[PDB]
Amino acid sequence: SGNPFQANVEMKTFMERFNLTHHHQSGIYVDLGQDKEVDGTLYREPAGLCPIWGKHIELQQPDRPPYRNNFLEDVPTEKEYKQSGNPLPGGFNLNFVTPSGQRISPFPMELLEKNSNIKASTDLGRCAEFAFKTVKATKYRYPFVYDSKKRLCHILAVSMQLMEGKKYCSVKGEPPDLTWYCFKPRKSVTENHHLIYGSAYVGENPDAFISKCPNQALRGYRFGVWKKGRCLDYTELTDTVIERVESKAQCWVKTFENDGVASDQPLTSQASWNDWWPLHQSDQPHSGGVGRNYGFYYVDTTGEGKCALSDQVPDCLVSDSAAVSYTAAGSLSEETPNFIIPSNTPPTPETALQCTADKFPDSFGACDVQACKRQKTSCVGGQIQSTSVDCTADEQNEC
């Protein structure tokens, strides 16, 4: 009878957007899928094509001045690090100033929107284009953070994303001998949803991410894989991790902070006070975006908020009007926000899940005799429905 989310061009192109292995093509928790040579040494470089919503690097600095514990503060100056002693004060922000003595980052969006050289149609893409178009003279492309609330575009001099261990870096000052404070990738239930992280390469095709990335939570559907002639949401799969959550927010954080998330990160040196970029290592992994990136919040039959998490690139959806499907790349929110909608170039449709009952009639599958359930695909108040129901009484003789 067919997988309905595949028996259509419109469906296909739409299910493709959640496929992070396809367009994003790189680590999400850590993103370092490319190499680039600078001053004769080979460094890792972020390369993912998709923007990562809510992602910030949490620092672990001492809780005393001069330490701000915010990665959007400037990379420190030599003088500032002379004054502070170990570990480094400051944040990850590029702090270069042009010859004119004008400042690179953070850079105002109002300036970008009125620049012809900036050919992107959306504010997020403009920042991205700017990241991509601006790097004593190198070919390295810094990753960037768009502060979408302050409309400032940040270029990040530091590409490192994760450092831990008493062998590498200090935590809150301890041990006190270490040059670097530790830091990791974070997503928070409450903090910083308005920051967007990305490799420069989001900017090469500054409009592409609009339809090739899973930017938003998908409200009212669970990620699923087509099997045994029906859509199996992750709960029905053996490889899936399921964790009890208190709010749909924790689930979303989990799709990004779980152990299996696409990660391009066992370092082999104490970074110098000045090494803003990971070194290329012989055995470095490139995830390509393969990972436990996918997940949804649902409530089970007993009233519990749960969180299914899978590494299976989904190819069908199970309707569940309470559910929200998250990935590592996109936002908690499910509303297209103003900064990825052209300022004007008409918007690109996703009508892939709109329907009428007349042109979209109840279609039933054959009986999965192992689960004694069958696919039913319908249209209810203008939206596609996809669930696994009871077989007929007849078919039941076979389970």
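Positions refer to the first chain, counted from 1. Between two forms, the rigid core is defined as the largest C-alpha subset superposing within 1.5 Å. Residues that one form lacks are left out of the comparison. Compared with the form deposited with its partner chain bound:
Relative to the superposed core, shifted segments between the two forms, defined as three or more consecutive residues with every Cα moved by 2 Å or more, span 136-139, 347-351.
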The other form holds:
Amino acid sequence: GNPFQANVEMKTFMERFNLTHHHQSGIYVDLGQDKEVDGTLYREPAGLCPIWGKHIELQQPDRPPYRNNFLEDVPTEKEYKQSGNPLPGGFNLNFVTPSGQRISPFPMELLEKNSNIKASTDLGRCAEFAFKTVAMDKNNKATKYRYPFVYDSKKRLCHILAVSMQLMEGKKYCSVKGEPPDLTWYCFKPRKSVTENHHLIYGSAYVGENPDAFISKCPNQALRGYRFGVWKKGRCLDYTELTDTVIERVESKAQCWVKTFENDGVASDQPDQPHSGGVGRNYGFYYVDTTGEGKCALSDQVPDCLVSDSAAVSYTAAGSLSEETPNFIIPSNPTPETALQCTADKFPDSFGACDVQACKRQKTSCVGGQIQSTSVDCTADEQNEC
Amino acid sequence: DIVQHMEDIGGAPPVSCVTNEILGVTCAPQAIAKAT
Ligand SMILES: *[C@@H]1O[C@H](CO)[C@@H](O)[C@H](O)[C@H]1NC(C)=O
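After the form deposited without its partner chain, can we look at the form deposited with its partner chain bound?
Next comes the full complex, and the chain you just saw is listed first.
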């Protein structure tokens, strides 16, 4: 009797943590699909979930005209001639209509009063826009290839990126800070930062295929007060209790959230052309251990239950540091806060059988109108059995 | 082959226009930077 699997409300809530089920692509590097343009197959970002805080860190030389910023226009041929190697500018698509109107960045205000845009949230509106942008081939015919997007929720600007690459390394192909000098490309990689670019949301154009779906299907926010776990031997085991978990000492919870995205086991599609389908060390939580040390628990096991812990915060590679729903994803009319509620009156303390190997048992209850789930010592005689 | 390597890490189709449902056809106002 896994309380987190006990009814329809709970199953759906929990399923929002399953990145294999709903996101289905690489996280760190999303290259999940292949698409033909002029008889060549190209890799295309494909994930269904938006990736909160992900930005692409550039390693251009620290001098004009370089700005080290992926949201700057891709470089013009002119600009490149005026700069030398490496290529300047960034990843932003710089195309215009004949009247000169930019495709990117595009103001959210123009998207919220346009009849073609059917999304309810601002983030969706931007995803949808991305979804409705396809490349044209050498015959000017629309293809099925779509560039990823970044919503800047601070500026209410939606970006389409002309560059789908997310990771370039190796001094054979790219330079760090202009070194070596003859190289075309600067190096770059995906990052999340403990302080910067939280307001940036990166996504494949396929999050806007069903633009409202990310709201109930993706783990958009950090989850305060619980630890991710898997139901096993009749109780909820949090990642601290599993063999394959990676635990690091951290200075703050933010570092842990960064780690869920940056650890070397995270779902990645980067080479050979692998497709993670979203499997990898994508889940983790910050917690304070019994001795008062702040720690991070990193795991590749999809949560199917939660252990209660008011000092803990569970994160995923997809989601934000932020623990509360922002306005740009609330409809103009999900159940993120409400699904975990109870009343003492009806939810009585139920103690599961004794896990004899650990000599603990599940206890489930209602404390402060929310479900609490922990492991307590077995009863006295029940301990005879350990 | 540099093209295979690029394709592998998500190198993009070499394209000058995109169609968007809200703005129609969208093209580069100047030549896009190419190579070395
Ligand atoms: C996560 O997603 C996949 C596909 O839906 C499923 O096979 C897997 O068992 C799920 N894991 C859960 C719910 O723990």
